[PDB]
Amino acid sequence: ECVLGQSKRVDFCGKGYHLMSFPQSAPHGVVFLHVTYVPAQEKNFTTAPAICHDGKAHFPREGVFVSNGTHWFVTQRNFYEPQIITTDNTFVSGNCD
Amino acid sequence: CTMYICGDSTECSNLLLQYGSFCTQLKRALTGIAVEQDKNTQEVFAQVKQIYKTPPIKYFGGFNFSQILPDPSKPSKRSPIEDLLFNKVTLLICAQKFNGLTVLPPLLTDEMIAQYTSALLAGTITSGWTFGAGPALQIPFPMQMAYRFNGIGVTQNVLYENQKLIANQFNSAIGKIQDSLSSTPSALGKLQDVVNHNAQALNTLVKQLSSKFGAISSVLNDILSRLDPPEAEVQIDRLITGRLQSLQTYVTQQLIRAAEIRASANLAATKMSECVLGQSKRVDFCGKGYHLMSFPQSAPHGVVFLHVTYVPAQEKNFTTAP
Amino acid sequence: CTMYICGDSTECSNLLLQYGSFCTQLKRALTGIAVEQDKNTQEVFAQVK
Amino acid sequence: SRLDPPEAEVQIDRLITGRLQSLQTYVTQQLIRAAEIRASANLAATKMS
Amino acid sequence: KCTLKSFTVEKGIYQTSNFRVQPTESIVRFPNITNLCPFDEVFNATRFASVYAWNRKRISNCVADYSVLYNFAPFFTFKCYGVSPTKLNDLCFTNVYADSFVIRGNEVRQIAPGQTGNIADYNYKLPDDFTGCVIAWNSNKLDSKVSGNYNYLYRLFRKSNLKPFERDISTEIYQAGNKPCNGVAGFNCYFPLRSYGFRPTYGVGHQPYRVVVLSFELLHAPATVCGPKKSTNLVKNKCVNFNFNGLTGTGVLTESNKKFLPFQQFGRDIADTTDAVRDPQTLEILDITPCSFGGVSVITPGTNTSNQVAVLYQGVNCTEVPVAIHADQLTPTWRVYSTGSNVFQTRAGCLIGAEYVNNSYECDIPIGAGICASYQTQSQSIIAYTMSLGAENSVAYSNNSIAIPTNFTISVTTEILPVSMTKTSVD
Amino acid sequence: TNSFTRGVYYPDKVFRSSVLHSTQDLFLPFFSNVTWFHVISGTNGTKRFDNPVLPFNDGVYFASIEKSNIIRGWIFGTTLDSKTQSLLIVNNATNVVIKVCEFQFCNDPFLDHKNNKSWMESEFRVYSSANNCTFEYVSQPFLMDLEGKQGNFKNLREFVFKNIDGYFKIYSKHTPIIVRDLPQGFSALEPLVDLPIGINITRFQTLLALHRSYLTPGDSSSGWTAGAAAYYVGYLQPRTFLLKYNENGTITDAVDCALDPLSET
Ligand SMILES: *[C@@H]1O[C@H](CO)[C@@H](O[C@@H]2O[C@H](CO)[C@@H](O)[C@H](O)[C@H]2NC(C)=O)[C@H](O)[C@H]1NC(C)=O
Ligand SMILES: *[C@@H]1O[C@H](CO)[C@@H](O[C@@H]2O[C@H](CO)[C@@H](O)[C@H](O)[C@H]2NC(C)=O)[C@H](O)[C@H]1NC(C)=O
Ligand SMILES: *[C@@H]1O[C@H](CO)[C@@H](O[C@@H]2O[C@H](CO)[C@@H](O)[C@H](O)[C@H]2NC(C)=O)[C@H](O)[C@H]1NC(C)=O
Ligand SMILES: *[C@@H]1O[C@H](CO)[C@@H](O)[C@H](O)[C@H]1NC(C)=O
Ligand SMILES: *[C@@H]1O[C@H](CO)[C@@H](O)[C@H](O)[C@H]1NC(C)=O
Ligand SMILES: *[C@@H]1O[C@H](CO)[C@@H](O)[C@H](O)[C@H]1NC(C)=O
Ligand SMILES: *[C@@H]1O[C@H](CO)[C@@H](O)[C@H](O)[C@H]1NC(C)=O
Ligand SMILES: *[C@@H]1O[C@H](CO)[C@@H](O)[C@H](O)[C@H]1NC(C)=O
Ligand SMILES: *[C@@H]1O[C@H](CO)[C@@H](O)[C@H](O)[C@H]1NC(C)=O
Ligand SMILES: *[C@@H]1O[C@H](CO)[C@@H](O)[C@H](O)[C@H]1NC(C)=O
Ligand SMILES: *[C@@H]1O[C@H](CO)[C@@H](O)[C@H](O)[C@H]1NC(C)=O
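For the protein sequence lines, the chains are G, S, X, Y, D and C, in the order given.
Quick note on the entry's author numbering: the first sequence kicks off at 1031 and runs consecutively.
Going by the entry's author numbering, the letters in the second sequence line up with residues 738 to 828, 849 to 1079, in that order.
Quick note on the entry's author numbering: the third sequence kicks off at 738 and runs consecutively.
Quick note on the entry's author numbering: the fourth sequence kicks off at 982 and runs consecutively.
Going by the entry's author numbering, the letters in the fifth sequence line up with residues 300 to 677, 689 to 737, in that order.
Going by the entry's author numbering, the letters in the sixth sequence line up with residues 29 to 68, 71 to 142, 146 to 210, 212 to 299, in that order.
Just so you know, not all the hints are guaranteed correct.
In the BS3-like style, the derived pairs of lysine-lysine whose C-alpha atoms are separated by at most 30 Å in a straight line are [stated by the list, open to error]: (1) D:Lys378 / S:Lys969; (2) G:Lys1073 / G:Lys1045; (3) S:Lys969 / C:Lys41; (4) G:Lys1045 / S:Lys1073; (5) X:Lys776 / S:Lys1045; (6) X:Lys764 / S:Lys1028; (7) S:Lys811 / S:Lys1028; (8) S:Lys947 / X:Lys764; (9) D:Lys557 / D:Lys528; (10) C:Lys129 / C:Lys41; (11) D:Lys558 / C:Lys77; (12) S:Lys969 / D:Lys304; (13) C:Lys97 / C:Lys182; (14) G:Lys1086 / S:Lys947; (15) S:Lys764 / D:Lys304.
Selected chain Y positions facing chain S (in silico; Cβ < 10 Å) [stated by the list, open to error]: (16) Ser982; (17) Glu988; (18) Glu990; (19) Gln992; (20) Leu996; (21) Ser1003; (22) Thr1009; (23) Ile1018; (24) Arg1019.
Quick caveat, the hints were computed from the structure, so don't treat them as lab data.
Ideal Cβ positions, reconstructed from N, Cα and C, are used throughout, including at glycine.
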């Protein structure tokens, strides 16, 4: 699992988000080198579940609505890459009430 | 050995020492079993680097969490679910304390086990799955539930307009689960079974002293007052062989049971790592239906998982095209 | 035990029962093995409702 | 048919110790094999699920 | 380091021995009777009995001196299937039966439970399980007389094999069955009760032997035969080496709230040992329980670092037991480890030589019940702090704020798994 | 009738509390038939053969229901004569004598009186001609009586006689509750003394006299007709009884392992 592919099981191939693994020969056993993705230097913001624009509710396709305190952006979850809220990033479903 | 096989008699101890290193093996096996049990509890429970504390304001978008969060009013900081689990498992007794069958206390008492479960619950209720990969990143609970909905296929807007219904369903299920535990007579079959097996093994080992094994009497001290030591040592050897065989049988049965409990604890640790610290896409691993999130709960000699799953209902058939 | 160890001899069983409960343990272990095999089959196959 | 009961009981004890030891060896070997089969059946149930 | 059979010990907690407290007294509770048993009247008779009709003499309520036996009828065999030749004067006997009879020269060893035939099925029969001994000696002239004393009548055969310890004073007219008969005539109506009798110079094997069995029994009713009485006064709150009518044990005598019936004597438990006994005098029921029990485990930081150790007495209250040393009674010895440092009362047991600081660290040596041990300062000694679960943290939760990481770290960890061990083959 | 739940005693004189200990000594089987053996003796001079011969199949259970001192003694022997030493028991008003000796025929005095002789006397002399007689048991009597109030108050006596490797034992207890046909009251039974004679017994006899015969019917019908006629006689068999003690140390209940498959469970 951890070597021949990428595992989505949490804490099965090391603490964090698993990327790959390395086999290492050992006497009477084996040794794995688990390369993991550990986030750091978090910044907190103000978030909203949806945005009403013209009487309709907007939800992001992939990502979460984020704000810098004045206006709102959209960005992916595990990294801070803010972007302008367009109709490509979000989708419309239902009213905003 | 020198106190179970021989009732504090020095001549029986001199006869027992002649058998060699047969009894250091049993003590080393029992110490290995005890160390393995402590290691099992440590790997199932101690997985979070930091203890997380829930905020005093317990509002999570309408989701009731009083049944699984700890209650400060109780003398032991335990949830009502944990309290009911502790009251549904029951652990003379002085005979095993009198012929050497001692019971060692575990390294982790129930208070810090409950603290570990509380920290895990606070982490999975506040930081989502982010605290199981690195630093704890806070997130509103409706947003975390929306992303857990997105993880199984259904989009987040379904939760975002059915939040009240979903919260009411969750509260109804978590309220019914306690009465389901109370009404079921054999709900905690495994946790009662392990302690019953240990008690029966100890009772059998204590009761095995009453056998004669070919000797004229079962009591050791009655032998010395009736026979010469050339034949008293023969009767003593006859008793020692049977008592040592009974001890060896008890040790190997305990070793097999310890291996089975170790496998169960490894499975429990894997379930704690996957269903609780994140979201598992494995089918029928964290309950029937599409898994959303799980809750660990402390228990006597074990752990209890509360698996919250997504079960579709009210289906309708239509006509389709590829 | 009383049928395998002793070939239906009465006082052989009398000397056998003097050894204690060395055979009830074997009987309960074998019944536990049989129950575990039945549980294994039920867990593998009976998974649909 | 050959020995007096004071020494016939010694011969019965000699036979019984070996027979009981053989039965105990059989039951612990079966316990180990049943544990391995239980692990294999748990793997099979996981693959079914 | 004696228990691990090495000179260097690694850091850890080790089970070493068990704390056991020896008693200081050996009080005996033999019953109060000063009579003398009748073996002189048993052995110094003129005519003892016949083989089929042996006397049954009850011996009870007397002090029996089993040392002086060879001064009456020497050259015995003593044939003891039970209590040893030198051990009958140690334990109490409920009933002693002296049965004396004569058999010629061949069944003085066929009186054993194993042997059977024309005597064990038609005369004195010993049961298959039997405790007791028999005395046999020469009767070449003192019980031979002129042409026999004619008291050699033996049952020869009868219809059924008789039960052990059973006699039959009757005559038979046995036939084996053809035209059934009751007459004295010999042919097809053969008469039982043959005998011996001869001049003392005879064919060696017929020369008689006076055999006097001695069957005993224990347990049962309150004992009557006691042997040499060495009664000692009572103590009811300390460990002693008591001796109650035969049993010897080490334990603390203790008063009872029991409901022993007057006929009941001993008190057993789930094991074979006895936990309650009745004294022969004053009829007082006393409970038996041993002294302090638990094992001792030694906690060390390793001889590579230091030599101080802290011992833990498993499963005993620290504020009551140890503390008082009372030397020359503790089998583990090394009694210097009772007031060397301060104590603590743990659920695991009493901890000797470890000072309880109440800081919290990730612990080093697991002791039990949430308490660990290490070798640190407050100057380098052994401390007994409580386990720490980790850093206390409180991430702020609000229903409008989220946290998003602006950076990451590529972290590489190791994991070690055994795969295959050594392969071994034995011949 | 059927002996429902009586006949359990103490196999050893050992105090056990709240133990489920098992044993091997012989008992009376549960739910087993017994004998009525009614004695009429209407003081009319006639005889009805009310003291038959019992084969003594390894132990006898004896249960009697009298007023104060109606029954007296039992006779044990092989040929019921002076060829073998036969055990004889005689009960007095303030004493009991238990003695085995070669006795030919147990006598019976002139007993033809019902109500005119309210004061009972001119009795005993049951014993036969004297011979080489052994050590007796002149001691305190075991039968006791309680003053019955408002009727229906009589004491039932349960006696167990057995022989193990010749040794002779007695088990006796008195239950003063009701006067019915072997009620379901479970109670233990206490041994008193051990008789060390070690002689064989093949036949059993009793020595009941009926100077007072109040409300005693008589019928020659033989069949399964349950009723408290005069007393009960039971037979012991080698069983594997399991006994339960309580906190105070009394046998509250007991079952065997050969009556029912539920008993085997
Ligand atoms: C949040 O980020 C935005 C965009 O990166 C920043 O806002 C800019 O602020 C500067 C300073 O006056 C202006 O000149 C720009 O026009 C702003 N850009 C936008 C898109 O508004 C700023 O870093 C944050 N905004 C805050 C704190 O209000
Ligand atoms: C979560 O549910 C529990 C029980 O379903 C609620 O506890 C009740 O609280 C009210 C007042 O606070 C009491 O009158 C009831 O007696 C409680 N129920 C029980 C069974 O004790 C709790 O209030 C709910 N939480 C929220 C936030 O509403
Ligand atoms: C989907 O199922 C839920 C669960 O049954 C339905 O919610 C229930 O609706 C009925 C009828 O209005 C109410 O009486 C219940 O109180 C509701 N239950 C809860 C927990 O709120 C819901 O109506 C269903 N959806 C549709 C469109 O019918
Ligand atoms: C971020 O969190 C810190 C403490 O964790 C808090 O002081 C700060 O106000 C938070 N920032 C925002 C924008 O909420
Ligand atoms: C849906 O299934 C039912 C039977 O379960 C069937 O009768 C019905 O015709 C189906 N509907 C359609 C639109 O095919
Ligand atoms: C024997 O012992 C006591 C004290 O030694 C003595 O006074 C008494 O006469 C006897 N007691 C009994 C119960 O026989
Ligand atoms: C003892 O400690 C030294 C370092 O102080 C080091 O060689 C090793 O850890 C230990 N060596 C031996 C031989 O125990
Ligand atoms: C002392 O400890 C023992 C060990 O369990 C316990 O039984 C006893 O009750 C304790 N006594 C006190 C006064 O704490
Ligand atoms: C100091 O140690 C004692 C040990 O009994 C403990 O009860 C107390 O709580 C500790 N102090 C603090 C502040 O934890
Ligand atoms: C958010 O949480 C607060 C409590 O901190 C609560 O009073 C409020 O109703 C919640 N919802 C909002 C602000 O929409
Ligand atoms: C045990 O005896 C006591 C005597 O004080 C009595 O009160 C209690 O009821 C008895 N219990 C039983 C179960 O016989």
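Now for the hints, and whether the structure bears them out:
For a cut-off of 30 Å, the pair hint linking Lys378 (chain D) to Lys969 (chain S) stands: about 24 Å separates their Cα positions. Note on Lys1073 (chain G) and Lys1045 (chain G): the hinted pairing holds, with a Cα-Cα distance of about 22 Å set against a maximum of 30 Å. Distance hint between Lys969 (chain S) and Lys41 (chain C) is fulfilled; the C-alpha atoms sit about 20 Å from each other, no more than 30 Å. Restraint check: the Cα-Cα separation between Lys1045 (chain G) and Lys1073 (chain S) comes to about 43 Å, which exceeds 30 Å; the hinted pair is violated.
Restraint check: the Cα-Cα separation between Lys776 (chain X) and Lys1045 (chain S) comes to about 19 Å, which is no more than 30 Å; the hinted pair holds. Proximity of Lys764 (chain X) to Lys1028 (chain S) is assessed by CA-CA distance (about 35 Å); at most 30 Å being required, the pair is judged violated. Between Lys811 (chain S) and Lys1028 (chain S), the direct Cα distance comes to roughly 29 Å. Compliance with the 30 Å bound is thereby established for this hinted pair. A distance of roughly 21 Å separates the Cα atoms of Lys947 (chain S) and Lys764 (chain X); the hinted pair therefore holds under the 30 Å criterion.
For the proposed pair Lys557 (chain D) and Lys528 (chain D), the alpha carbon gap of about 28 Å is at most 30 Å, so the pair holds. Distance hint between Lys129 (chain C) and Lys41 (chain C) is fulfilled; the C-alpha atoms sit about 24 Å from each other, no more than 30 Å. Under the criterion of a C-alpha separation no larger than 30 Å, the hint pairing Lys558 (chain D) with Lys77 (chain C) is inconsistent with the structure, at around 50 Å. The straight-line distance between the Cα atoms of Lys969 (chain S) and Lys304 (chain D) is roughly 35 Å, outside the 30 Å bound, and the hint therefore fails.
A threshold of 30 Å between alpha carbons decides the hint, and for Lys97 (chain C) with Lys182 (chain C) the separation of about 13 Å falls inside it, so the pair holds. For the hint pairing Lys1086 (chain G) with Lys947 (chain S), the CA-to-CA distance comes to about 53 Å; that exceeds 30 Å, so the pair is violated. Only pairs whose Cα atoms come within 30 Å are accepted, and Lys764 (chain S) paired with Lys304 (chain D) is accepted, the gap being roughly 15 Å. Taken as an interface hint, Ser982 (chain Y) does not check out: its beta carbon lies about 23 Å from the nearest beta carbon of chain S, beyond 10 Å.
Against a cut-off of 10 Å between C-beta atoms, the interface hint on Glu988 (chain Y) is violated, since the closest Cβ of chain S lies about 13 Å away. A cut of 10 Å between beta carbons decides the hint on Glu990 (chain Y): the least distance to chain S is about 8 Å, and the hint holds. Hint status for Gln992 (chain Y) relative to chain S: violated, with the closest Cβ pair at about 12 Å, above 10 Å. Interface restraint check for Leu996 (chain Y): the shortest CB-CB distance to chain S comes to about 12 Å, outside 10 Å, so the restraint is violated.
The criterion of a C-beta within 10 Å of any C-beta in chain S is not met by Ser1003 (chain Y), whose closest approach is roughly 13 Å, and the hint is violated. Contact between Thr1009 (chain Y) and chain S, as hinted, is supported at the beta carbon level, the nearest pair being about 6 Å apart and thus within 10 Å. Interface hint status for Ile1018 (chain Y): violated, as the beta-carbon distance to the closest one in chain S is roughly 12 Å, over 10 Å. Because the smallest distance between the Cβ of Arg1019 (chain Y) and any Cβ of chain S comes to about 8 Å, under 10 Å, the interface hint for this residue holds.
Violation of the numbered hints given earlier is confined to hints 4, 6, 11, 12, 14, 16, 17, 19, 20, 21, 23; the remaining hints are satisfied by the structure.
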